[PDB]
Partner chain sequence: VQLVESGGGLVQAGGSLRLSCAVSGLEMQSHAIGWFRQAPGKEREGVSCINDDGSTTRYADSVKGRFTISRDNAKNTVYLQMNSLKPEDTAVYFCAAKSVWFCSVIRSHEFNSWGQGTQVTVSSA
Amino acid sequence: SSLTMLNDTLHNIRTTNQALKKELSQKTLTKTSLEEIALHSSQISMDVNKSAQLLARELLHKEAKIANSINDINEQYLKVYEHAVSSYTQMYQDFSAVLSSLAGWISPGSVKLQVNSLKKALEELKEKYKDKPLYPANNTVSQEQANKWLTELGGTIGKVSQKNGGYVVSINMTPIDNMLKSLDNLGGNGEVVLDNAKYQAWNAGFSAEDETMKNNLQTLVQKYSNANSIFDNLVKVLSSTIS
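Now I need the structure of the chain on its own, in the form solved in complex with the partner chain.
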């Protein structure tokens, strides 16, 4: 019967893959959405353990001994995309809160801008996510392992950083650095007055920053869903082989 227990766990994985796919196809990923994605991918990992624990050649005949390949796609692929999505989504959500506070930092003066309030908020964003890498979730890996995943995640959202014990793929904070440097270039005394024309380029610039970061996140979500779809197709073949 243990062969059928395997098929019941493999079928529980596809059931989770189905819910995971829907969650990732929502335009906006909320803090609630992330909590659900963590549970599903976590439930995935558990059943991938029981599968290997519990563990026609026509149907078998590329990204993927059966246990040493399913545990390979999840450990060194699905879990990586998952945590990358979590970290970047949390960063973006925290960035959106700063932009939401922007309206209350502008007033007529011709526009007066609270450059200090904006700068210090973005500084906190940078400080907060300096030790929240995309990959790995804990500890470190080899510089070569870190680079392998930078190419897979993209140099737009990630950068290999040296940390105690080895290397990680950190969040690329260049966009935040871009904003902070731009704010420094404005000068002032805590506040600054911008002619209407210059403020219009900054407001529209802030909105463009947001859309760029949103697009970065959606691209990463796309890669996680694609990997999950490759993983589901591998599970598919097994559920029909054991049957």
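Numbering follows the first chain given and starts at 1. Whichever C-alpha set is largest while still superposing within 1.5 Å between the two forms counts as the rigid core. First, how it differs from the form solved without the partner chain.
- Once you line up the core between these two forms, the CA of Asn203 is the only one from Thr174, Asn203, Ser182, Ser33 that shifts by 2 Å or more.
- Once both forms are fitted on their core, the CA shift for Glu124 between these two forms remains under 2 Å.
- For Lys163, a C-alpha deviation below 2 angstroms is recorded between these two forms after rigid-core alignment.
- The Cα position of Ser100 differs by less than 2 Å between these two forms after fitting on the rigid core.
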The other form holds:
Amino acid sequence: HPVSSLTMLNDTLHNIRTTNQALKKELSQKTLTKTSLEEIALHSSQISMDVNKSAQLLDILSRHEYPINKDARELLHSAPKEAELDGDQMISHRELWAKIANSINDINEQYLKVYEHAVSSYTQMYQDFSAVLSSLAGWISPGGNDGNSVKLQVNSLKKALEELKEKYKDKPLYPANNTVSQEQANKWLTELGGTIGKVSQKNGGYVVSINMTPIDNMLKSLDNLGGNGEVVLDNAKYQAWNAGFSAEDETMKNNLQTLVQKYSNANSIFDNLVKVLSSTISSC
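Moving on from the form solved in complex with the partner chain, please list the structure of the form solved without the partner chain.
Excluded here are partners and other molecules; the one chain stands alone.
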């Protein structure tokens, strides 16, 4: 009976915790590697399997209106504010078990998933830009005299750069696979910075897509360079350009970290949730 559900939910909750903790250590990392990413994808899907597994049990406890003592209820006060759980309020056990389940799904869907996408999306792109950098090394050679003059495969770099922007031109950061009101779309953008993404409309609604300004500025700088598809610039001119180029790179490098942050934070709140949720369950 619902008493087994009570114990199965604790197992599932402990599991969610195990996965979460494994995910955090991953995000505390320097380089969102192609591996560190699918690493997350698998960890998220797993967390999603348990949440649903939980939702199923939590639902049983609700229908059977399994009581939640005052003490166990008081424990809810320690859960995250975002969770939206009351340490009492003396409401139906049915509604409590329901709100709890809603909290697990809400956080996981509105926080974890929401950021696991923006983080993944941006990561993937910058990972494609880093591939260009690697190529940039074989695109520079000594030109002229030479005495520090540099030959740059303008076209080659321009071509690569215009393929990247293309690949991520319309890629969205939020929502992962849906639309929203331009008003609520402008909201999310203003909540994670504003420079990171750009509000746009596909159709059926609006979405916050990746801001390709850094790449545009990069192309504008290369266009200004001169004749194609090979240009030679003295040291002063090269460095000056590299400075600009390198700048743009860091702009993305930064935004990338910002996202990685909002994601880790979401992991924290979720973790705090399961931690007190588990204590609550136990106290039953």
